[PDB]
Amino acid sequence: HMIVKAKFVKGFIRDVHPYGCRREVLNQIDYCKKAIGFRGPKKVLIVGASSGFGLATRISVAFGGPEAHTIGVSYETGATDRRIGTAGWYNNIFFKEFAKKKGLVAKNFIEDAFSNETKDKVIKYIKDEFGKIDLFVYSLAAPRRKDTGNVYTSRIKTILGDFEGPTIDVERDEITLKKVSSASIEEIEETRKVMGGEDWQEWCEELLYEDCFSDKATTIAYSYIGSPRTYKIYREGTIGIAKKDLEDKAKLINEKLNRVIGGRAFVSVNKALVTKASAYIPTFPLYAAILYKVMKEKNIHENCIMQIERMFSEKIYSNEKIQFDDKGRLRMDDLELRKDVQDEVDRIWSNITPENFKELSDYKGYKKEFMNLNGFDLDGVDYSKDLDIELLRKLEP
């Protein structure tokens, strides 16, 4: 029986507020329940289903109109003697509670998605109990990958020279300059192993050859391109190299699925959102804060769930044909990269100071979204209320 507070250690919040996480899940569900609605997917596999885009994907297909049954694969840990548990751990639990209330299947595999054991387990469940899958979304954003037993670690670096610029320190409400430098050859390769398209492709092949995909099944992975201002990181750097690998694999998966089941694969390039991993990378967080202000002013702002909802209802499962860019990618950053939006961001950038940034950018919204990632600062949650830790320990995914 304890009060959970937001304690910052080396820039990151230590604990998560589980009921704040519940509320965030519920806010996304609410958005989807009230949106125009779409139809299509019935049986959906999501690898990386516990947070961010994977979670929004799951909520969207379940509550956004299709009433899809879902399998979520994620590695998360619960409450112990000393730890409260990860946000994703709770997101899984609360998603399942709300999905079942609607009479939907919401299976969780709390498992390392990279291992052959996990694939076998998921495949067995599909063949035995779930039924064939019409949509497979790969949205794992793991920091490392275990293979023999080599461990590969993702890094966020340039391939040449320094990248430096402002980050947002949420704890002190200030801008702070940071720098990241060049990656080693091994670091580039490891990042490609973790973030590239290899595991996604393995999944698609196992699923395909084990007769787990429905005819005409779709599979999707997520990426980010952004503005030229951060190309050194997101296109040219270690992340950019991994994402090009992801894009290349999408093409090979697409060709195969098309030939074998009339299915398809593609990368959806999404918009800038606040995440833990991009906090403290130089120059992105300020970009995002300014972007939020501009797009909110222009009535075109989207958070994670809004991105996904529009992706599904307006582009993927719409009446009209799907439009890809010239490299076969679905572009959900079409509003972010709109000329008028980028012109305004660059203008504000040229006036922004460490002194005035809270007025020229959406620092408030940036900070709120950051806090929300650990279940803090959610409207309608009583943070003075103590939490029953033995009750939380009882919850099962």
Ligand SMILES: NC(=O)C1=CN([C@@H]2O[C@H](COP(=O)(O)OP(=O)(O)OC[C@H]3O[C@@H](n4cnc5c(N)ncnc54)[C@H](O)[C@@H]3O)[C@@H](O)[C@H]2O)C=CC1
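For the two forms, the rigid core is made up of the largest set of C-alpha atoms that agree within 1.5 Å on superposition. Only residues modelled in both forms are compared. Numbering follows the first chain given and starts at 1. What changes on going to the form deposited with this ligand bound:
- When the two forms are superposed on their rigid core between the two forms, the C-alpha shift of 2 Å or more among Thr275, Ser154, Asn303, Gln201 belongs solely to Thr275.
- Comparing the forms between the two forms, the C-alpha position of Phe284 differs by 2 angstroms or more, with the core used for superposition.
- Residues present in both forms were considered; between the two forms, the rigid-core fit shows Cα displacements of 2 Å or more across three or more consecutive positions only at 275-284.
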Contents of the next structure:
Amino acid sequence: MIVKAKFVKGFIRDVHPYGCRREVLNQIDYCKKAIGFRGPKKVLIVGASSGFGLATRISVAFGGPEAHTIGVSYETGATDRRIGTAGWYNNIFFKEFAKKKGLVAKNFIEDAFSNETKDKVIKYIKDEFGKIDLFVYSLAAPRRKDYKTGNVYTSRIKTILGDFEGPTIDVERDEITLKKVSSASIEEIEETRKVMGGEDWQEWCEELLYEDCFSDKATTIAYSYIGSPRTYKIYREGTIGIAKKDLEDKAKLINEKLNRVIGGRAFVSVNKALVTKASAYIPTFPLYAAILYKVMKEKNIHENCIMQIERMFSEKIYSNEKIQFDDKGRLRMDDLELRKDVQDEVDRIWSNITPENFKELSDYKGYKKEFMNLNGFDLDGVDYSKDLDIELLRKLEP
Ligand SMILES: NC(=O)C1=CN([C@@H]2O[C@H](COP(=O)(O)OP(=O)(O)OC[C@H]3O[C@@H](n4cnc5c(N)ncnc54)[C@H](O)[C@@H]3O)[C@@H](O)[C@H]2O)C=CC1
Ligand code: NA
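With the form solved without this ligand in hand, show me what the form deposited with this ligand bound looks like.
Expanding to the full complex; the earlier chain stays at the top.
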């Protein structure tokens, strides 16, 4: 079978599994070439299979600390109709590389919202892994199940106080298109807060702390976004923004408890805009990211996931220099994105953007490549003419 990049309902149908291997290896190679940092030895990451969580895992394992890692993710493998998710394969190839380096890399392919999943991970930590010094909560989900009551909360990306309509980039068609987003009901706001707020992160932290799973002075981090006024309507001041503010509020509560009990700490890191599976489908995000890429590349300050994470750990969290938070106690990795000259240029380009000129004014090429790359496509050192053995791929284990 020769896997080709193709779309179904605006989603890539089949990832290229060996491309995913190459993309994991590219991030590992960046970390191996980096100056290096030291700090964490035993790391738990929820949402470890792709995007920021995968970069987090690769950073601590290969960027100097030689950390053992537990990854919890929800992914699916090959069926008789589907090849498996990018994250499915990322987990597998990360493990292969980590094992060769002599590192523990445990995968739990499980729903993190489950009480059952928490018990499994806690059991593994107590029995086998040893206490955790770093816990990263990097989860992006469309829904949350409350396993006790059977209730399902659905995450919706909607606006508040007024419908939205604005340009976006359709990767399937290489075109600018208008996307409509409607106002959320109070129930929809609450459900999104239930899924993408800090409740589950807080529950993980409490269960970990109280079952004696954290090392003294342990750190926990969750990831957030603030962005520019170009996206306040559909992000920061929409349903997802209300959820992220709940996440930031929970960080403060978790921080107080961890500090009191083990001298530990919790904080949100507000990261920069970039292409991941989750972000690629936020309305209008492709257009903002494409312009931002253009501006930041011209100013030599562009970063992808692995560069973001490597800088965060080596320059801010585990540095010689003391960590600096914003006035709300958040770590700011959007420090370069939200720089005044960057945002001025983004706003200026944005105002000149049309369906006819967007490829000239924005870095659509770079945006599309990063989108293709995370799905295993458009990568160097991958032979895209070679047939893949499906039986071989389906036998691979996380
Ligand atoms: N990509 C961006 O522009 C930015 C993303 N962030 C935040 O980074 C965090 C991670 O998102 P990305 O890396 O962008 O997305 P991603 O789609 O690459 O990663 C999502 C991860 O969450 C896991 N996951 C989803 N439901 C799960 C479940 N029920 N149980 C266990 N794992 C589950 C997936 O398996 C995957 O590992 C999110 O909180 C997002 O809001 C923050 C700033 C920017
Ligand atoms: Na992630």
